[PDB]
Amino acid sequence: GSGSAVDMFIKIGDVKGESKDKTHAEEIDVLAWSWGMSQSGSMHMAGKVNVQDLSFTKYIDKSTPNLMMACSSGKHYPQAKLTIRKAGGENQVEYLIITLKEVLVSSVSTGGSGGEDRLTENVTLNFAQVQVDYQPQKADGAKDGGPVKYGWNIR
Amino acid sequence: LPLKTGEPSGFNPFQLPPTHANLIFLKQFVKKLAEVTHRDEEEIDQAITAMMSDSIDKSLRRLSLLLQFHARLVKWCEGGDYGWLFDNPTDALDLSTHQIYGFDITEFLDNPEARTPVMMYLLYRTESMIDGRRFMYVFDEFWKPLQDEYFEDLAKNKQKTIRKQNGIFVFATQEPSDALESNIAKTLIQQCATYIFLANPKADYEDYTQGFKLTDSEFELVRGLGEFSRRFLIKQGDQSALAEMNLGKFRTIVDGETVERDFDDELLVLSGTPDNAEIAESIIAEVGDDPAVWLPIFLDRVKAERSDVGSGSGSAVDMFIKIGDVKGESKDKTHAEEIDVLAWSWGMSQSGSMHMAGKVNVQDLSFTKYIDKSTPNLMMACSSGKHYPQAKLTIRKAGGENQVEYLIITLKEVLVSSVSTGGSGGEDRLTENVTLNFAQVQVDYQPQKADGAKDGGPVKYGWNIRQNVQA
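As given, the protein sequences belong to chains E and D, one line each in that order. If you count by the entry's author numbering, then the first sequence holds residues 826 to 870, 876 to 985, one letter each, in order. If you count by the entry's author numbering, then the second sequence holds residues 496 to 529, 534 to 568, 584 to 870, 876 to 990, one letter each, in order.
With the rest of the complex left out, here is chain E:
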């Protein structure tokens, strides 16, 4: 077989990676994802939520000073798109698709002081509207589909 590895690729505008995998042909590839949702208006003391900005750790893309010019200029990319499949096979069911709109870069990491010898870069972003498509991520290869969604706004 091919092993046991998750399958995650993303495009955000003309930002692209140096990845060489089977489904990651110079795609952006990530090592960590970090965003959760929160709604402080709950009775335990419409869309009134606490602010939640998105974040991740990615492998090194070929367009990083373009991202820094986007940060210092306020330039957003109009769309970010993700596909994440569970481990067990690279060409399995696309267990998750994510679509992000008005994708402005919030932060970059990893270059400067001596804290990270070879570590991947955290990048944080903001948004206007995000929607996902979840296929059932059972610990399997070929598994039943049917996307369950949410699409949600910055409001």
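Be careful, since some hints might not be right.
What the hints assert, rightly or not - Pair ranges (Cβ atoms, derived):
#1 E:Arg948 x D:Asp814: 45 to 55 angstroms
#2 E:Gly945 x D:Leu784: 41 to 51 angstroms
#3 E:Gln882 x D:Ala876: 20 to 30 angstroms
These aren't lab readings, by the way, just hints derived from the structure by calculation. Beta carbons are placed, not taken as given, at the ideal position from N, Cα and C, and that holds for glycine.
Fit chain D to the supplied structure of chain E, relying on the hints for placement.
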């Protein structure tokens, strides 16, 4: 005694035995210049003996003046030949503890000046000093230092003297055009007892049956031997056969074990050039004369490095600097030996949104180095707020140590504002930090691929940070 800098890569003469300094300086001068008035050169030898009779071995100016009243001119030059016969001691007899040495003939390619008088005097020294043990004198490309019948008369008289005194001569030279072109080599072949056809290289043939008197089958074998198996053919007396050194032989302890091919201590014989350079540099900086008291651990280090990699030198990291007076400890082409830095970690952030011309994020930029050498210049630039004219730093991942750097970043008008220093009982190597601002970033991020490909051209972020959004 290999080719090196202008240290003693040769051996000199005593130059003042007043019964034989005349003949020593006469032969040394004629083999140094090879062209005189041919009148009262013994008076020149006696006058330079009386002039060097102050204590010993005076300046080249005094030597050339006493010799005159092109050899004087080239001794005044001394280009790469500090081991000549004048103003020096005999480094060969400073090896009287272990009289085992040899010469890189790269300087002794230049007859008559560097080649002839040092070699003729040292052959005189080793031949006249009959220590009673065996003697061995080995040659390769004999004809370039030896262009005079002086060596033929030497081989007739003093070589036959030391032939009863355990002396042997090992002429392992090149292709036989060299030997057939010198009648001195013909006289030597008339006294050379055995002949080793070590290889069949690119070499001139079919006069090789002349003088040596090979048969057709013998000449067929010495041409069909080859040079890569490193086996040979041997003729002595009037007879010959194919032979070898058993380079495939190995320690057959029980039933035929691991084929070590006797490769341990063969690196002395093989002499691989970067490992020879490492062992030679560590020995030469270690001790002047070279007994094998530090050599076994150097052989174990050479075996470990050769089993690791052949001249790899890591090729994994590159993080180096030059900020005013400091510089890098760089294995890359940029700097050398001074200061390494730790790693690559900083960024910038933005909290705002335009999607329901950036935001002002008051930030500093920082960097961590190791223990410094140029402490007070950085101290002055830190306290006074002095902007260095540049701060250049080199970043490159694995994929080669001499490749183009993955990010070359020069910050501009680097005022210095804080440096963390430290120290402890456990501070084997203190790291320190500069956290600072400046006028301009000049980031040059090259999107170099993993295989050494640099598609495409590097992306620059060369913008003012001081009071301006950076494009």
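Cross-check of the supplied hints:
Separation of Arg948 of chain E from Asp814 of chain D is about 32 angstroms and departs from the stated range, judged on CB atoms against 45 to 55 angstroms. Under the hint 41 to 51 angstroms, the C-beta atoms of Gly945 of chain E and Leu784 of chain D, about 46 angstroms apart, fit the expected range. As the Cβ distance of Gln882 of chain E to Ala876 of chain D is approximately 24 angstroms, the hint placing it in 20 to 30 angstroms holds.
In this structure, the one hint that does not hold is number 1.
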